[PDB]
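K.L.:
Here is what each chain is made of, one letter per residue.
There are 2 protein chains.
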Amino acid sequence: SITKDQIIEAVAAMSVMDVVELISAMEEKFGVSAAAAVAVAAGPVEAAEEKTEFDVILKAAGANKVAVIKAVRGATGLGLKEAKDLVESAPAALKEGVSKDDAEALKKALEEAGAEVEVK
Amino acid sequence: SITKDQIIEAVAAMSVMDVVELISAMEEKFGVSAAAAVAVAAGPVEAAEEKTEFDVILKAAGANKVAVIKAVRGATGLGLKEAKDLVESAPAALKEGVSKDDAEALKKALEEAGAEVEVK
Numbered sequence: 001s002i003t004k005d006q007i008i009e010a011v012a013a014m015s016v017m018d019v020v021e022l023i024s025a026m027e028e029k030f031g032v033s034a035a036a037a038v039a040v041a042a043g044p045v046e047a048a049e050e051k052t053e054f055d056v057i058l059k060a061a062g063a064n065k066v067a068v069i070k071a072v073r074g075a076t077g078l079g080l081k082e083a084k085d086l087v088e089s090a091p092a093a094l095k096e097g098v099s100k101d102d103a104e105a106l107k108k109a110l111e112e113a114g115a116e117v118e119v120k
Numbered sequence: 001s002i003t004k005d006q007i008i009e010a011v012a013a014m015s016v017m018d019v020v021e022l023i024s025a026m027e028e029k030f031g032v033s034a035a036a037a038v039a040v041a042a043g044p045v046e047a048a049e050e051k052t053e054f055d056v057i058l059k060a061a062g063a064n065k066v067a068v069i070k071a072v073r074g075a076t077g078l079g080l081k082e083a084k085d086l087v088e089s090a091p092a093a094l095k096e097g098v099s100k101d102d103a104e105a106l107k108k109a110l111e112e113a114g115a116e117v118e119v120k
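Sequence lines, in order, name chains A and B.
Everything in the first sequence is counted per PDB author numbering, starting at 1 for the first residue and increasing by one.
Everything in the second sequence is counted per PDB author numbering, starting at 1 for the first residue and increasing by one.
It is worth saying that the hints were derived from the structure and are not from the lab.
One should not assume that every hint holds.
Dumping the calculated BS3-like pairs for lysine-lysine here, alpha-carbon to alpha-carbon at most 27 Å [what the hints assert, rightly or not]: (1) A/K70 <-> B/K100; (2) A/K4 <-> A/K59; (3) B/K51 <-> A/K70; (4) B/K81 <-> B/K65; (5) B/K59 <-> A/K81; (6) A/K107 <-> A/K59; (7) A/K4 <-> B/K59; (8) B/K4 <-> B/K51; (9) B/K100 <-> A/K84; (10) B/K4 <-> A/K81; (11) B/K59 <-> B/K95; (12) A/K95 <-> B/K51; (13) A/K95 <-> A/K51.
Ranges of calculated distance between the beta carbons of each label pair, as one might list FRET restraints [claimed, not checked]: (14) B/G43 <-> A/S99: 54 to 60 Å; (15) A/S99 <-> B/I57: 40 to 46 Å; (16) A/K100 <-> B/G114: 45 to 51 Å; (17) B/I57 <-> A/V20: 56 to 62 Å; (18) A/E104 <-> B/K51: 34 to 40 Å; (19) B/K51 <-> A/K84: 53 to 59 Å; (20) B/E116 <-> A/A39: 48 to 54 Å; (21) B/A47 <-> A/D5: 48 to 54 Å; (22) A/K81 <-> B/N64: 37 to 43 Å; (23) B/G43 <-> A/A39: 53 to 59 Å.
Footprint (simulated), chain A over chain B, 3 or more residues, beta carbon under 8 Å [what the hints assert, rightly or not]: (24) 79-88; (25) 96-107.
Just so you know, even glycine gets a beta-carbon here, dropped at the ideal spot from N, CA and C.
Just chain A, same shape as in the assembly:
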C-alpha cells in the first residue's frame, strides 16, 4: 500500500527536520533548485567607532526665511516648493547623520542669516 495519501501522513509523522532533509534531498536528486540564493543584506560593526553623525534640525527660520530657504535647498537640493513647505512645517530636520564639519557649516550659515538651529 504505497499510496500517495499514505506518504502525506508520513510527512506528518516525522519531525520538521526530517522534512527539511527530505525536500533538500529531492531538490538535489531531481535537481529542482535555484542553487544561487539572492537577497543582499547585512551590517558589520566593531569597537573603535567614529563620531561623525550629527543631526541638524531647523527650529525657526527667523526673520530671514529667504536666506534659510537657500541654505535648505542648498544643503539638500529639494524643489523650491518642497523647501518652502519644509521650513513652513517647522520644526523640520535639515540633515541626519552628517559630518560635524558640515553640520556646523550650515549652522553658522543659519546664524549669519539670523535663524534658530538645533544640533543633536
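Knowing the structure of chain A, use the given hints to seat chain B on it.
P.N.:
Quick look at chain B alone, frame taken from chain A:
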C-alpha cells in the same frame, strides 16, 4: 521501511502529474501556502507621478554633422553607418524616455557643436 531516501525513489516511481498531487496534498494539508504577502512587484500606479521621461529629437545636425554623428553613436552606440543614415534621415529621435539630466547633457553637446535639437 520509511526512510527519507526510500521516499526519494518513490517520487521517481510515479508520474509527474501523480507527483504534483502528492506535493499538492501536503501544501493544503499542512497549509504551507498562506503567510501574508510581504511584497513581490511593488509598483502601484497612483497620483504623484515623476517627471524623468524626456525625449531628445534631432531636427538639424547643422554645420557640424561630424560632432553630431559623434554625439549620436556616443549616446547610443549604433554603427557609424546607422548613425549616418539616422542623421541623414532627419528629423530623427535620438532618445526616448530618458532622464532630464541625460537629455540636457546631449542637448548642450549639440549646442556646443551648433546643431538644432528638440526637447519634448
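K.L.:
Hint by hint, work out which the structure violates, then give me just those numbers in ascending order.
P.N.:
2, 5, 7, 8, 10, 14, 19, 23, 24 and 25
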